[PDB]
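Sharing a structure below in C-alpha cells format, with a few things to ask.
Selected chains from the complex are presented in situ; the others are not included.
Chains here go by letter, A and B, matching the order in which they are written, and residues are numbered from 1 within each.
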Amino acid sequence: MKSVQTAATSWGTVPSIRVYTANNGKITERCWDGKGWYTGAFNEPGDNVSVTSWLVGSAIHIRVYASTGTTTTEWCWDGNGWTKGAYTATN
Amino acid sequence: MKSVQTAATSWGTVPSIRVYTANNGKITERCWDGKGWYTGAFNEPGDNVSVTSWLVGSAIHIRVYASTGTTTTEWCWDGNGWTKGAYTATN
C-alpha cells in the first residue's frame, strides 16, 4: 500500500530525536527529548525528505532537504525558528 | 526499473555500519564490523525506512523507523535485542 516516507536525526546522549514524515506532499515533524513524543514546529511542502544535524557546543543545528519535482528546498533550524537556506541544485 | 530503498548509520572506531534495505514491504539489515559484511538480526515489515543512532559511552543505540501506510513503527536496538519503541505520529 502507499506509504509515508521518513527521515530521522538525533543528537546528544538523552538523546533528542527528530523524525520528519512526508505524506502526500506535506512534511511534518515529531520530536523526542526524553519525556514522550510531541509535535514539532516544522511544516513545509515536500514529497521526499532527508535531514542532517550537528552540534555547536550544546546548540543544535538542523538542515531538512524537502523535494518536490526536481526542486529541493533546504530548511534550517539554528535555535530561533525555521528559515529557508541557501541550498540550490540544478536538477 | 523498481529499486529497493536503503538507510544507513555508522558509529565508533571500527567503524560499525548498518545498512537497512526495504524491499517489497520487508526491511532487512546488513552489518559491517571491520571483518566483512554479514546479515543482521533486524527483520521487520515496512515499505520505507530511515535510521538514526547514537553512542552513550561505548553503548550503541539504534532507532529504525519503518513505515507502512501512515503508520511508522520505531524499532529500538539497545544492546539486547530489537524492541518496539514509543514513537507515534499523532497523540
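Odds and ends about this structure:
Convention: a residue touches a chain if its C-beta (ideal position, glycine included) is under 8 Å from a C-beta of that chain, and two chains touch if they have at least 3 such contacts.
Because all chains derive from one sequence, the complete complex can be expressed as a copy number, which is 3 in this file against the 2 shown.
One rule holds for everything that comes next: only the chains that are shown with their structure count from here on.
Centre-to-centre separation of chain A and chain B, using mean CA positions: 18 Å.
Of all residues in chain A, only 1-13, 15, 17, 19, 21, 23, 30, 32, 36-39 touch chain B in the complex they form.
By the touch criterion stated above, chain B contacts chain A in their complex at residues 46-56, 61, 63, 65, 67-70, 72, 74, 86-89, 91.
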